[PDB]
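Here it is, the structure, as C-alpha cells.
Only a single protein chain was left out; the remaining protein chains are all shown in position.
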Amino acid sequence: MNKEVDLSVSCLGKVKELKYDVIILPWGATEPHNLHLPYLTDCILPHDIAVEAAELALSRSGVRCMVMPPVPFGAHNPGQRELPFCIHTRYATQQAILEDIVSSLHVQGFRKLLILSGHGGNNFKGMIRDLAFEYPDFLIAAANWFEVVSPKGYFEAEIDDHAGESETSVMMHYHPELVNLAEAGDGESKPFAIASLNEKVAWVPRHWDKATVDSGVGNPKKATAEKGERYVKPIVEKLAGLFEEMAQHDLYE
Amino acid sequence: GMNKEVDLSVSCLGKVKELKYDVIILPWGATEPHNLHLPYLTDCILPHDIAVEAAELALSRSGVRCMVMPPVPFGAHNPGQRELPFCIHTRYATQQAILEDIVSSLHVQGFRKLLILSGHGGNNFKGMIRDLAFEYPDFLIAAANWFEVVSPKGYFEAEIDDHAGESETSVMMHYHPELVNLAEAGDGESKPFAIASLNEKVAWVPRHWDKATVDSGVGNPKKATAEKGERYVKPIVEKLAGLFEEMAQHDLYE
Amino acid sequence: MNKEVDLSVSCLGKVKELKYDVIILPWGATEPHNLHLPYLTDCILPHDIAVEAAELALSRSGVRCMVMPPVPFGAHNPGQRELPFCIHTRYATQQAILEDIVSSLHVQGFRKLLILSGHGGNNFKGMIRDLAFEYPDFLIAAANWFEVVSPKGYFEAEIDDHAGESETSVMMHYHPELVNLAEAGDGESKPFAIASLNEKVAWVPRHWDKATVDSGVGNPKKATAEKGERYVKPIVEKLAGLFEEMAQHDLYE
Amino acid sequence: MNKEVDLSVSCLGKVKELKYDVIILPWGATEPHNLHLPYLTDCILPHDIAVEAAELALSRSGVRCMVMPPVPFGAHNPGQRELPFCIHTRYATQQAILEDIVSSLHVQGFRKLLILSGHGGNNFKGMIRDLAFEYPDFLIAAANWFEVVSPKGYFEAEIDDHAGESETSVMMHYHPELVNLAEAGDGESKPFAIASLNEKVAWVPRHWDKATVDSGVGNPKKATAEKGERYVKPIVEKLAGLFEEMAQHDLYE
Amino acid sequence: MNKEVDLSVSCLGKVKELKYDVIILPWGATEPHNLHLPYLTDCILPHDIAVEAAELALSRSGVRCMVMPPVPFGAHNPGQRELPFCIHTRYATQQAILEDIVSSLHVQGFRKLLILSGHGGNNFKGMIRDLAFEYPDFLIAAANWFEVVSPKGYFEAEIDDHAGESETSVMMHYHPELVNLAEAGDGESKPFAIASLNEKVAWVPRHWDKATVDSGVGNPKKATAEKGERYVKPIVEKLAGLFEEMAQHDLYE
Partner (left out) sequence: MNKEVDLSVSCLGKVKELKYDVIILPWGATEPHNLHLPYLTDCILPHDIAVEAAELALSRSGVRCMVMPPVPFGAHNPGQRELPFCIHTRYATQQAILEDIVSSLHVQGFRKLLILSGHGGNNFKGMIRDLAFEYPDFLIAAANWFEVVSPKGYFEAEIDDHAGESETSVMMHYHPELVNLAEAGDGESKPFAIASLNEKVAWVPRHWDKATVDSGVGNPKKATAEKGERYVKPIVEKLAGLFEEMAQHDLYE
C-alpha cells in the first residue's frame, strides 16, 4: 500500500503538502478475459504497473507522480457486449470522462498527464488532439502498457492478443489470488472470411461471437508468475524514465 | 472474503457464465477528499462493501443472486472542491452518458433490474432514470444512497455529520481499518451561509467547500469506532437484502 | 397587473431605469392534474406566489425582483407522456434552457437567481452544480414552492401528492375561474408491489398508467380557496425574506 | 376563455373525450419591443390568432384544434442579449424543445402539428427536416403569423420590422390593457455600412446595439386597434382554412 | 486554374506571403439533380461563381479573397434520402462543421466569412446567430448564389426549383463536359393536396417520392450555355462588389 502515489488508497492528509509533477491515469475496461482472468484485468494491470513506475521515478530521481483510480469504461467489439457484465462505452462517453478529469486537474494546477491503457480497444489520439486546442498548456500523452516492451523472449505463445500468456502471467505476478490458470480455456480464435482483412489491407473489428469460443484470444497455458515479473520490470523502467523526462523537460526546448 | 459469485471486481467469466442473476447493483461513488484521514475513494468503497454483503445475505437467505458491478468513481461536486488536489467533478451529462452505456449493455445481456447504490450525496439520478424509463420501458432502475437506508441518528454521537464525519469514518473503520488513521483527522469544523433562509432550507444552494470547511470534512469524526460502524451497517445490509429479494420476486406493479 | 415585477405583463419602458436585485424563474410543467385543474397549474402557482413575494419584498424592504415568464417544460414519469398534451422534457433539454437563461441574464449584469419550481418531477441540483463552475459569480438557488412551508396541518387529505387538496386550494385562491372542484375525481392511487420501494429504501418513479385513474394523486374534495389563502401567506413571507437576504448578503461573510 | 382549444386554460376533464385533428404550437420570444410593447408580444400574438382561428375552424367545419402554450424561447441578434430580460435561445435548445414536444404528441397519437411563430428570428425548417426522418408519419408545418397576409395596404409606416405599426396595432386590438402607445419611441434604425448587405445580396444579422435606440425597428406612432382588427381578420380566416385542409387531406393525394 | 483564390488547387507556397481580406465558403449538397446533372452540382456552381467573383474583386479593387473547398453536406427532404448516394446532413452536423471551420479561421486571424450556398435546403441564419455570440469579432454572411439575381427574366421555364433551366444552363456554361442535356427528364412535379400549403400560408417540405418522377423540379430542356453565361455575369459582379465592401468597411461605421 502506497498513499504517496496511489490515489486508490490515499487521503488528503498524505498528499496536501507534497508536490506532484505528473498525473497518471490508468484506463481499462470491464470485459471478460477467457474464463480465468478478472473482468477488471485491463484496469488492475496498468494500475499496478503505474504505481511501480511512480515508486521508481520517486526513489530514482525525486519525481513524484500520482496514479489516479483506473477508468473501467472501455470500447468493445461486436459480440462482446452480449457477454454478461461486459460494458461497452461509446467514444463520446469516454471523451466526456477525460474532459471532466482534465478540467479538474487543470484547475488544480496540474499540467502533465499520461493515460496508461490496459485495453487495446481504447484509442485516445483524437481526444488528445481536441484537448490540445482547449488546454494548450496541458500535456497529455498516451500508451498501452503492453506495447512498451515487445513480448519476444518473454513469452512462448505466438498468438497472444487478449487474456493470453502475457496478461495471465502479469496477473499471476501482481495478484495470484485473482487467477486460477487451471480454469483457462485454450483461447482458440478464428480469422475473417475476407482474406484482405486478415492480411491487414484494411481494418474491421473482430466479432467475438464468431472469432472466439471462451472470449480469450491466445492460449494462456504456459503463463507463470515469474514470466510476468520479468516482463514488467523493463516496462516499469521505461515508464519511470518517461515520467522523469515529462517532469524535467518541456515538450520542445 | 473474496466472492466471485456476487463481486464483479474480483470475478471472472468462468464463475459467472452458468449462473442466473436476478438483480444488478451499481455502486456509484466519487473521487473526493474526506477530511484528512479517509480515502479519496470512500464513496466508492462503502457502497461496494455494503452491496456485496447484502448480495451475500440475499443469496444465502433466498437464493436470489445479484451482481455487484465495479464502483463508478465519477461524482458531482461543489464549488471549492474541484480545486482540491485529485478531486474530479463530473458533469451530469457525463454521468448520464455513463449510465446510458451501462444500461444499454446490461439490456442486451438480458438483464432488466438495476439498483444504483450511491455513496455520494452530490449524485442525483432521478432525471436520468426518468429519461431511461422511456428508452428502456422494460428495464427497472432504482436509486438509493446507502446512508439513507437507515438514519444515522441514534447510531452516532456527533450532531453535525455530513461528510467524512463520525458515521463515514466508523463504517470505514469497520470495513477497511487499514485505510483510516483516525489520529490524522481534523475536527471537520463547518461554517453556515450568511443568508439565513438558505440555512433554514427555504431554498437550496450548494455549500462552497472553500468558504465552509477547513480540512474538507463536515463533522467531527473523532468519536468514530469500528463497532459503531458494524452496528449501523447491520440494518442497512438487511434492508437492502430485502429490496434485492423483492425486486427479484415481483414486478413493480402486479 | 404589475409591470414592475412581472415580466409576463411588462415592457422595456417600465423596467429600463430600475435596478433589479434578484431574478425569479418560475418553472412548471404541461401536465394533466386530475380532471379539474389546469394543464398549466405548475406554472401558474409558482408565478403567482413569486409575484406576491416580489411585491412584499419591494414594499417591505425596497428590494426589487423580476419574475420571469414560467418555463412550461417539466420532467415526467412513465404513463404520463401518453396522456393527451402532457409534454415530457428530457433533463438535457431542461439544462439547455437554463444555460441559455443564465447566459443571457449574466450578460445583462445579473448575478442572483432563484428557480421557483411548481413541479416536483423537476430536479435542478445537477444543473446548478455545473453552472457554478461555468459562472462562479452567479448565485442560483432552487426551491419547490410547496416545500417552503409543509402542508401537514393546512390540509385534511392524508395523501396529497399531485392535484390534491393543497394544489386545488391554492388554485381556488388565485384563479377560482380556472378550477371547478365538482369536476374532480377522487385521485385514488395504487402503491408498488415491491414493499421496500413503498417504504422508500430505494426510489423508482410512480407509473401513472398503473398508479392513477384520473391522473390525480390524492383526494382534492376538501379543497377551499380559504385554505389556499392561509397556506400561501407564510410561503410568500418566507420567500420575500429569502429575496431580501439574497439582495442584502453575500453567500458567505 | 375556451377550454376546448386553448390548453393554457384547459383541463383533462374538458379535453379527454374529444377528438383533436391539428395541434398548433405558438412559438415566440422573450424580447423587448420598443418601450411600449410587452416582452411576451411574440407569444401573445400568435397564441391569440391561433385560438381565434381554432374557434373559427371548429364552428364552421367541426375541425377541432388544440392550441398548446406558447414557447417563450426565441433566437436573437447581436446586441439584444445585453438588453435586460431578453433571452437568447440557441438553435440546439430550440430543437431539443421541439423534439420533446413532438415525441410526446406522437405517443399520444397526434400526427399533425403547426408551429405558428411570432418571432422572425426563429427558423424551423432544419428541425422539421430532421424530424421528418425520425417521425415520417408526423406532419409538421411552420408559419409566421405576420406573413400569412402581407401588411402592404393595412398600415402606413414603410419600415415596420419589430414592435412597429402592425405588431402594435394587433396588440391594441387583442390586449389594449398591455400596451400604451404614447410610451413608444420612434423605432429609428440604422443600416449597415456594407451596401450590398442593405441590398440583400447576402444576409448578416442586424446588430441591435448599433442599429436601434429604443429596441424597436419601425415607427409605431400610427397604430390603432381598428387597424389591428382589420389586418387579423384575413389572417384568422386563412389559418382556419389551413387547419381544415390539414385535418381533411393527406399531404399528397 | 487559380492558386491565388481557389484552395482546391492552391498550396502553402502560393498563399503564405499574401494578405487575404475575405474567406468564401461554398456549401453544397450531394444530391440527385434530375437524370442529367452531377450529384455535386450544388458544390460546383457556387465554387465556380465564387472563384470568378474573387478574381474580379482582385483585378478590379486589389481585394484578395480565398475560396475554400466546397462542403458537400446538405440538408434534404423526405423521399430524397432513399435515392442512391443522396446524403442527408443533420442541422447539428452542419453546425459542428461550421464551428470547426470558424474556430480554425479565427485562430489564423481571419475575421470575415461569406457562406455561398448552392442548395436551398441549407439554412445558416441560426448557426450565424449562435456563432455571433461565441465569436463577436467574426463577421459571417450567407447567400444562395441563385438568389443574388432573380432568375425570372433570364430563363423561360415556369418552374425552376431544382435541376431546372437555370442550374442546367449555368452548368453547361462552366462544365459542359459534366452534362448531356439529351439525358434530362421533364422534371414534372406534383403539388400538395393541402391548398393552403401550395399557397404558402405555411411551409412543409416537398416529399420527393410523391412530388417528382426523375428527381428534378422544373423542365430544363430549353437550357443553354449562353443563358447560363448571361445569368452568372451579374451574379459574379454583385458578389465581387460585396467582397470589396466586406473588405473595406466595418459592418457599421
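When the chains are written out, they are named A, B, C, D and E in that same order, and each has its own residue count from 1.
In this text, a contact is a pair of C-beta atoms (placed from the backbone, for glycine too) under 8 Å apart; a residue touches a chain by one contact, two chains touch by 3 or more.
Checked against the full complex, the one of E:108, E:198 or E:248 touching the unshown chain is E:108.
From the set E:90, E:222 or E:249, the residue in touch with the chain omitted from the display is E:90, counting the whole complex.
Interface residues of chain A with the unshown chain, by the touch rule above, are 75-78, 81, 88, 90-92, 95, 114, 121, 123, 125-130, 132-133, 136, 139-143, 148, 190, 192-197, 201-205, 207, 210-211, 238-239, 241-242, 245-246, 249-253.
By the touch rule set out above, chain E reaches the unshown chain at residues 1, 7-13, 15-16, 20, 30, 32-40, 43, 66, 68-69, 72-73, 81-90, 92-93, 96-97, 99-101, 103-105, 107-108, 177-179, 183, 214-215.
Keep in mind that, in the parts below, only the chains that are shown with their structure count from here on.
Distance between chain centres (mean CA atoms), chain D to chain E: 30 Å.
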